[PDB]
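In the form solved without the named molecule, a lone chain appears below as structure tokens.
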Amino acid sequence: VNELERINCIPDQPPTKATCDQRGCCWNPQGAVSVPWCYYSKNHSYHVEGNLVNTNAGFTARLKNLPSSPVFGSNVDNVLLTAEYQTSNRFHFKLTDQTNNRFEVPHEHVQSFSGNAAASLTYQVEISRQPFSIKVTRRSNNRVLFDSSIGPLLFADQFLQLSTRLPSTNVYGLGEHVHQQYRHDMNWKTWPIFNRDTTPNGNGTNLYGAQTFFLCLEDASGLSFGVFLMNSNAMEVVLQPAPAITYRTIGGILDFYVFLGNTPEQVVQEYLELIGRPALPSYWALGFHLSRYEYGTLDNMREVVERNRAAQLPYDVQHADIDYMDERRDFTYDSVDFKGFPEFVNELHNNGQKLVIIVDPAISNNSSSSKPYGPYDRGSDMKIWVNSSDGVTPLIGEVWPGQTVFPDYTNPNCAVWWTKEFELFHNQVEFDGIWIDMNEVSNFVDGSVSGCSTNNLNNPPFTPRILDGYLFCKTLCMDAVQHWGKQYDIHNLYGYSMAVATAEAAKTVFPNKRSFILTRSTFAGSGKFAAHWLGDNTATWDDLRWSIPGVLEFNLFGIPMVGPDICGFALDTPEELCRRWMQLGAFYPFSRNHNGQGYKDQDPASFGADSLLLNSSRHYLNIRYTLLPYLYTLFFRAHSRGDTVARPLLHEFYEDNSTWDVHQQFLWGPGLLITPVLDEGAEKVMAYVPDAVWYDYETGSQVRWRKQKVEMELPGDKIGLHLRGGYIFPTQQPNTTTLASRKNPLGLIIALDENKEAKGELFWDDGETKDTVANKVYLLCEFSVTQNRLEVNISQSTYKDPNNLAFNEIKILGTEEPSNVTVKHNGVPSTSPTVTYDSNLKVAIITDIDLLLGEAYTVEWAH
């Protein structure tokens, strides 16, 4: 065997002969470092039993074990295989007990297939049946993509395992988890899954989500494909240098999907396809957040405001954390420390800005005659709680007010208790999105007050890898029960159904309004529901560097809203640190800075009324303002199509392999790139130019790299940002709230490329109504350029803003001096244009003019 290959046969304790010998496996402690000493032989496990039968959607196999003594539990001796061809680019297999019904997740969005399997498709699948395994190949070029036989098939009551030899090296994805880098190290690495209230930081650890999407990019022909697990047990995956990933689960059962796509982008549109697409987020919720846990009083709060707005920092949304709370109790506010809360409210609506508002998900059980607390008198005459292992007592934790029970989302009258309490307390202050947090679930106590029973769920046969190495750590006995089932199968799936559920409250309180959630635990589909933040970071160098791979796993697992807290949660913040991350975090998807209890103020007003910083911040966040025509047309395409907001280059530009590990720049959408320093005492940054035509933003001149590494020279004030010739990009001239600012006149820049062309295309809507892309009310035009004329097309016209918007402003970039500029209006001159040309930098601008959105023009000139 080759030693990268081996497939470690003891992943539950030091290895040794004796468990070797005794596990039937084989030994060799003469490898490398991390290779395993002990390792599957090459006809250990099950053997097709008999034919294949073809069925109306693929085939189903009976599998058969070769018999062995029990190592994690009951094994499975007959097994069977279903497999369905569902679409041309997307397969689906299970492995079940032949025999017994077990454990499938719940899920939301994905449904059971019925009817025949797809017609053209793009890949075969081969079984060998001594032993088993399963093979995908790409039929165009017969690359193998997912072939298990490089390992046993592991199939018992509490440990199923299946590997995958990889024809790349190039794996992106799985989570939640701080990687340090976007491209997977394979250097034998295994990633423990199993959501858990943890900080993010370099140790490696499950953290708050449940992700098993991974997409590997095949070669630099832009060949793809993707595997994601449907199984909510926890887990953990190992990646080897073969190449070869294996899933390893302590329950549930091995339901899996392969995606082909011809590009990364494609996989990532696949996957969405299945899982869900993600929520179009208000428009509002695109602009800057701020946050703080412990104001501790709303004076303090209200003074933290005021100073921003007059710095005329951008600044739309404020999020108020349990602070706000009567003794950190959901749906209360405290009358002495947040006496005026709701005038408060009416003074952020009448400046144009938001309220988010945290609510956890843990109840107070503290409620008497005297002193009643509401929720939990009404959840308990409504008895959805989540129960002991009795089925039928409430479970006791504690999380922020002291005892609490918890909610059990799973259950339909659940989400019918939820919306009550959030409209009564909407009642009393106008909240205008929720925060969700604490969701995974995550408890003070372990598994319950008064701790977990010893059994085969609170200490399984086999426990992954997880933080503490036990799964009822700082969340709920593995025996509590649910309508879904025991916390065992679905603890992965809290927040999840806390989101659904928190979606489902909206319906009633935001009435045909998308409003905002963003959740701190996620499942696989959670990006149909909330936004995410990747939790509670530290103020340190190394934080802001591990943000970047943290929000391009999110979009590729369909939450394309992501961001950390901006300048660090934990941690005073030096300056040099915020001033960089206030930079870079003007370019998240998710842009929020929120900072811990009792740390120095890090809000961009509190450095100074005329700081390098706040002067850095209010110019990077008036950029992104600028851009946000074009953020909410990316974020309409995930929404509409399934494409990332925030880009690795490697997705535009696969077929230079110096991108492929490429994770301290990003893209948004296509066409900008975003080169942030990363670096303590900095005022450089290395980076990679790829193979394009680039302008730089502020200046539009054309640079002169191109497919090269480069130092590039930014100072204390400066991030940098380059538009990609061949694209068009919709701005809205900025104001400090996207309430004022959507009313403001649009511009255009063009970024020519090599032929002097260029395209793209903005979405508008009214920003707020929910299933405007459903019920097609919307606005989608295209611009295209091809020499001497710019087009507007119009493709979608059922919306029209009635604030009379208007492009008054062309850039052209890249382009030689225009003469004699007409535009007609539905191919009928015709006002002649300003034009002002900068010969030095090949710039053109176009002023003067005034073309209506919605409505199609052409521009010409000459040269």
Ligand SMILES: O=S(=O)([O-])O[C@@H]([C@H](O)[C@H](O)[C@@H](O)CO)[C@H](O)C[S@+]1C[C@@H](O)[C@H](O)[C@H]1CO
Contents of the next structure:
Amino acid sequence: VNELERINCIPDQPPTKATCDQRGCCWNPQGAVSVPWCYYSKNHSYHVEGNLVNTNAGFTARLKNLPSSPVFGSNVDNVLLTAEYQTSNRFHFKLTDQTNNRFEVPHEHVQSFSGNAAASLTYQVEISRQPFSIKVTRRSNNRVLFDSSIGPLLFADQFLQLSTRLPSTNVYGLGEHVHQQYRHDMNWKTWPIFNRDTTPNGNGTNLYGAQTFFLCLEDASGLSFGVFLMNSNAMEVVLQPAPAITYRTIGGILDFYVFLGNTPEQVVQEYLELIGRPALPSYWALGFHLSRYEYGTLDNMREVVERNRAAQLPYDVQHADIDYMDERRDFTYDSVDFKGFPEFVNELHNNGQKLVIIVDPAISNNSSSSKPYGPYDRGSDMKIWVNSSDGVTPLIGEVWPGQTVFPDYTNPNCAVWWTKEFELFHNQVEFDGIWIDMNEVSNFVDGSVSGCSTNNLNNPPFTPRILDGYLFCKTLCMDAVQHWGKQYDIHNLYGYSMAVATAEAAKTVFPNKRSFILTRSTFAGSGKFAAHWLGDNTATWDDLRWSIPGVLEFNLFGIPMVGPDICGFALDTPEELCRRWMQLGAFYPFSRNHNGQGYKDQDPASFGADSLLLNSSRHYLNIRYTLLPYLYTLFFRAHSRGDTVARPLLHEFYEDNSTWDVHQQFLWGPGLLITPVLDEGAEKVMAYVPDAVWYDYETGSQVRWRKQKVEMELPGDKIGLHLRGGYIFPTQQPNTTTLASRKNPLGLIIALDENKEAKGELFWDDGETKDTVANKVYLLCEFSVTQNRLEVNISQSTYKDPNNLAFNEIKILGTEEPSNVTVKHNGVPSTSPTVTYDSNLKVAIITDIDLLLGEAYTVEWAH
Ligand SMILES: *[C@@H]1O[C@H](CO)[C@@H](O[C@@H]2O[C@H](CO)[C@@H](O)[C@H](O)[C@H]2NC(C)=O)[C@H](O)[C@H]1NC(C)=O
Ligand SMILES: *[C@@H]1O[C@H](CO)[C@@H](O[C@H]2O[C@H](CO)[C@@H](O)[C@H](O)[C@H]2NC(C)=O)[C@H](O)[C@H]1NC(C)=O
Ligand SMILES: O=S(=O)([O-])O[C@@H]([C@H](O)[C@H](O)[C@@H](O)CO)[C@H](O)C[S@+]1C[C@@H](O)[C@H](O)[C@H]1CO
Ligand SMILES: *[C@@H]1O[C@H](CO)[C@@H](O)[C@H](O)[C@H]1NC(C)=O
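Can you return the structure of this protein in the form deposited with the named molecule bound rather than the form solved without the named molecule?
Complete assembly follows, chain above in first position.
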């Protein structure tokens, strides 16, 4: 064995020859740091027994265990391999215990496959007999994509493992973690996955969510593939420089999907086609959100709101954290400190703003006939709590209010309970959206108020390297019991089940509306239901840098509406950091400035009504709002086709290997390049300029750089923003709310390519109705520019905005002077627009034009 290819046989303890011999592995204490001294042999594992059997969907094989002594339990004797050729670009295989049913994720979106093997496969599947291995290769070039032959298949009740070689080291994904870099180096690295309330810091631990998806860019041609494991048990993913990746899990079954694409974007699209495409956000959820833990009183909250309104900050949503509650209890508000709450909400609404309230899962069990607590009384009547292992007594833990029980959101009768709680509360405080937190689930005691019994669930043969080394640390007992099964098996599905139930509640509370759900904990497929934030970060320059890979990864995971707490949750934010963070933060898909308890104010206006930070924050938030029709159309493509929103350079520029590890810059869709200053004291950033025409957003000027590293001059008041030649960006005059800004004149920014051509599109609907796309109530138009000509073209036309909207300005970058501008409407001429032209910058701006939204036009000019 070449040392890069050794598969570690002692993941659980420091390596010894005696343990190696006892396990029947190979011993070689010679090797570079991290190279396993003890590793699985060439042979041993499982072998194929007899022949493969053709089925309608693909094939089955029986695998029989090559005997050895138990490591972490003894391998299941007979394993069944079921292989389904589901589509041309998606292969599914699962490994089950041939004799017993095992836990399988009861995913809400994924359906069982029936039907026949797809035609025109882009992949071929190869099975080796002795020992068992599975290989998936790309048909067109025979590139080996998945190849398990590097390691054994291990399949014991509480220890399952399968490895695969990888065709390159361009590997992106896995979660939820702070990876720090976007491209995984492929040096010996183990990532534990198990939903846990812990700080997203530099220690590389398991965080709030469970995401097994990874994408691999195979080569410069763009050809890419992805892998997904459908398994909700505690697990870790081991990366090594072969290159190779091992999945090591402690229950369930190995249920794998392999996705192929011509480009990275097509791999994400194939993945989201399987697990579920993201929900379309309400248009208002794309504006700026402001928040903090512990305003303390409504007076203090109103004070913050009003100083940011007075500053003309674009500011659509105010969040209210646990301080609104009466003693941190769900579905109450503090009648003294938040006296006047309903009247404040009216004020918010009348100002065009929205209210999002935090709701925790854990319910106070403190209720007597003297002093009733309704959510607990109604919950106990319905019998909808998570129970201890006896299957009958509700588990007691502790969160914000004191001792608590936990809803079992897997029980469909729990959504009924939860919905009524929301109905009852909305009658008091008319919130518009819901922020669901602490849903790993997070417990202030370990397991329960009486701890956890010693047994194989709470104390398993092998524990992945999760924070603190016990599964029940700061969560529920592993033998706690829910409708979908035991906590051991479904722990990673709590936040997922809770987002599903919460989306159910929205159907009653916000009939026909999307509303907004923000969730902490996630499983694969959570973006169908919710936005995500990156959790309790810290006001450091490290946390600023680390945010970008975290945002890009959740876009691969199909949770495109994602961002961190701008300026940092924990700690007092320095002015310089917060100013650089607000500049970048104006371009996160989810843009929220949120702050921890006790720390100095960090809302933009708090820095002073004439401060650089406020001026800069207002400036870039106004740019964000200007480009909201472009951002919104990007979320439309994510929702309907599965595209990313916040996009890596390498997804558009994969032919250039200089982009393969860029994580300090990113794109909005194909066309907008964002380059933040991310270092203290810097007024410059070393940045990559991909192989395209680029125009400075602010001046419109063509940059002299192409396909090269540059130092971009970015003073205290700037972030780099460039528009790609070849693309047309729809815009709308901004205002301090989207309620108002949506009524304003539209514009087009045409960035010309070398041939003086460009293309773009605009999606437009009512901005809030649920499933306008599935029910086809929307406008979609295309803009295309050739020499001397712009065409506005309508493809779907089943929504006409009642506000009489129109394009009143067109800015053309990289153009020679356009003259004699003519506008035709469905063929008919007329009259004559104004053109202003800057021959130095090659910018033309056409005004005094009125192109109605949803109407076809041709706009023509001479040179
Ligand atoms: C948790 O325990 C409760 C009892 O405390 C179980 O409630 C049962 O619910 C069904 C209706 O769905 C009733 O017909 C039973 O009579 C209830 N039992 C009792 C003793 O009242 C609940 O099923 C348990 N949940 C889980 C996941 O085990
Ligand atoms: C941007 O938003 C505000 C709403 O907050 C609009 O404010 C004014 O609009 C009208 C003036 O033409 C008045 O009828 C409203 O009373 C007034 N609202 C306020 C602040 O009192 C403003 O018009 C919007 N901008 C644009 C271009 O429409
Ligand atoms: O006391 S804290 O440090 O703030 O508790 C955090 C962890 O529980 C804790 O750090 C844990 O990891 C240590 O064991 C918790 O996540 C805060 S929540 C999430 C945030 O967005 C809201 O504003 C907060 C109030 O609702
Ligand atoms: C690792 O964890 C501890 C917090 O318990 C902390 O002291 C340290 O900052 C963390 N390491 C890094 C480098 O983030």
